[PDB]
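Next up: just one chain, as C-alpha cells, the form deposited in one PDB entry.
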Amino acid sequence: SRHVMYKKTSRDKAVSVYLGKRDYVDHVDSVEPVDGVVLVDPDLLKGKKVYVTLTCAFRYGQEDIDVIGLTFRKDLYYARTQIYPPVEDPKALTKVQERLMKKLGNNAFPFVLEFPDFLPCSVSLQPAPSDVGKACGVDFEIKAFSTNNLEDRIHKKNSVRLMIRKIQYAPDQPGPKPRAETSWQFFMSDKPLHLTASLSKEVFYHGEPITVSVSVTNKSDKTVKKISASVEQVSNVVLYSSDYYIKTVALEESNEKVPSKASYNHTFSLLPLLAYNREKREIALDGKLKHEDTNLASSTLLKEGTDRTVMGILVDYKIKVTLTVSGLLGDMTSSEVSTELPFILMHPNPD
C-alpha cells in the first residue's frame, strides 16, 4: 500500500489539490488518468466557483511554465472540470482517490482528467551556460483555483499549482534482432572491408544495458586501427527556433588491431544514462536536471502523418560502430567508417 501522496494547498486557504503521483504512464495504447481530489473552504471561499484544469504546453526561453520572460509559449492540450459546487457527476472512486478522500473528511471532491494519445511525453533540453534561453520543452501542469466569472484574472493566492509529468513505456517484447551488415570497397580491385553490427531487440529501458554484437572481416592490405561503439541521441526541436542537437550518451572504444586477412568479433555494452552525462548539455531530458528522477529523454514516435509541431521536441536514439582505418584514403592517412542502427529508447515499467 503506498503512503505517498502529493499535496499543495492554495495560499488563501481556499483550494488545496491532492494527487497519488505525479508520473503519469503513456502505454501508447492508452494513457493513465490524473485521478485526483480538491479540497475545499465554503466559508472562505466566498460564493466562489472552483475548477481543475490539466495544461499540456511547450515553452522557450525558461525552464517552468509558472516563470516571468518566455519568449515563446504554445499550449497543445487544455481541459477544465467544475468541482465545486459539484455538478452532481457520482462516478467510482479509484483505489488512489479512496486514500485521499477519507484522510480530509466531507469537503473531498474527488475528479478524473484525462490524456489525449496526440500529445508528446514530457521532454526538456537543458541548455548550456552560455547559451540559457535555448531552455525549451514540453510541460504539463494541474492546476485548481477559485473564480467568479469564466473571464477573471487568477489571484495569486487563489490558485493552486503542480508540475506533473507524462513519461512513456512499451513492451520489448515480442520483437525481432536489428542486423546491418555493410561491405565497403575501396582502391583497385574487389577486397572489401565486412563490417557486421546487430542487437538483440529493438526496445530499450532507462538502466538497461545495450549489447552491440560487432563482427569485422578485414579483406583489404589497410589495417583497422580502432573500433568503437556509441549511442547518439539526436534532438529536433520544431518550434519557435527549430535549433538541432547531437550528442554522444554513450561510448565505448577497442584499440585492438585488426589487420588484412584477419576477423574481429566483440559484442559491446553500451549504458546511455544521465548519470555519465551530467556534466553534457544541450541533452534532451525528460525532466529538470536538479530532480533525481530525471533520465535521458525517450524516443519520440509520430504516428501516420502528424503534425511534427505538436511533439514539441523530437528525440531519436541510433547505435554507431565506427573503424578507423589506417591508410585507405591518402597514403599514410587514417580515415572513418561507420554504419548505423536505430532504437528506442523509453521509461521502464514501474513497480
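Think of the rigid core as the biggest set of C-alphas that the two forms share within 1.5 Å after superposition. Positions refer to the first chain, counted from 1. Compared with the form deposited in another entry:
- The comparison between these two forms, aligned on the rigid core, picks out a single residue among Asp75, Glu114, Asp117, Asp190 whose CA moves by 2 Å or more, and that residue is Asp190.
- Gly330: CA moves 2 Å or more between these two forms after rigid-core fitting.
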Given for the second form:
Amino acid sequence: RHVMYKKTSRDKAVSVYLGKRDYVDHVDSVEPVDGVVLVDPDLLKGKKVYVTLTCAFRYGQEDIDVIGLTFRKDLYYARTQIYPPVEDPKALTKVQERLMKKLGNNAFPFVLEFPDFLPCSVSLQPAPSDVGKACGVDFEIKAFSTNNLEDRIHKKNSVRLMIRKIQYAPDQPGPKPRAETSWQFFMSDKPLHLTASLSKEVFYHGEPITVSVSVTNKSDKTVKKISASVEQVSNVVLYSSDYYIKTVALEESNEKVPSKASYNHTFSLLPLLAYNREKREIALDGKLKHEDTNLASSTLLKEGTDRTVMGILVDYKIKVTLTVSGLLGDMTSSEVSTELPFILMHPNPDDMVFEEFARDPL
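Which structure goes with the form deposited in another entry, now that we have seen the form deposited in one PDB entry?
Below you will find a single chain and nothing else.
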C-alpha cells in the first residue's frame, strides 16, 4: 500500500512528490532524496524550475524560515534545474518510474544526494522561559520557479518540504558494555564491589534496555538504594557552548544489600519521549508537536571530523548508583557509581496513494 507524499505551492505551478518524509543515514551511506516535480508549463511564464536541498543549523527560534533568528549556518546547499530539462538523464528509481506513470508528462524527476559529512536531524527543545536557546539542524527541500536566479523567491512561487535525516545501523555484531568499581570505606576490611553490564552497544527507540547490576558488599556499610538511569547529554557546538543533561529513564530498588551480602538484579529502562513530554532543554529528532518525533539519536562522529558541523552532540549512558550508609549513629551516606555508554538509534524503517506532506500531529 505504498504511500507517496506531495505538497504544492500557492501558485499551484509547482508540486513536489517524495517517497518518504525521512531519509536514512546508514553510517557509511545515506538514502538520496529522489522524487519528481510536477510543473504546469502554462502557469510558468516561460520560467525555469529548480529544486534545492539545504541543511542548516538554526539558533534562537524553532525553524530556519522564521524571522527573529539569532544565528543560521548553512551546512550544505545543492541546486538542480528540473525544468526546462538540462538533460543529463539518470536511472530512475522504482519510486520515480511509478510516480511518473501516474502523474504524466509534466512530472520531471530529480535526485539530490546527501554528503557523508552532514549531521542527522536534531533539535533542542528550549525551556519555556529561555526560548532563545532553541537550536537544531533542519533539512529543507525547496522547489521554486523563477525567470532569473538573482530575483527574489516569493513564498507563493515556491514549496518547502522539511524532511529529516534519521540514523539506523544493526545492533549485532557488537561489544557487551561492562563497568566495575571497588570502594573500600575507612575501617572496612574488604571493599564494596559494583558491576553493571549491557547485552549490546546499540539500542533503538522503543527497545527496553536491560541493565545487569551486581553488588558484592564486603564492607561494614549497608547498601540502602540501587538506582539505574539513562542520561542524555547535549553539547551545542555552533554559535554557543550550551550544555544540557537529562535523566530520561530511572528505575530504583530499595531492596537493601546488608554488609557481607551479595545481590544480582537486572533493570529494564525505556528512554522514550512518551515518558519525557514534560521535560525541556532536551534533545529530540523533530518538533514536539509531531507524532514521529523521538528522542535524539546518539551523535556518531566520524574519523577526522569537524565536530562543529554536527551542530549538537548528543550522547547516552546508563548510570548505576548504590546509596551506601552505616547501620546506626554515623549515617553519613556515600554513593558508588558506574557508567555504561550506549548508542541510541532510530529503528529500521522496515498500490499508490498520495498523502499531504505535513507530519501527523500528536
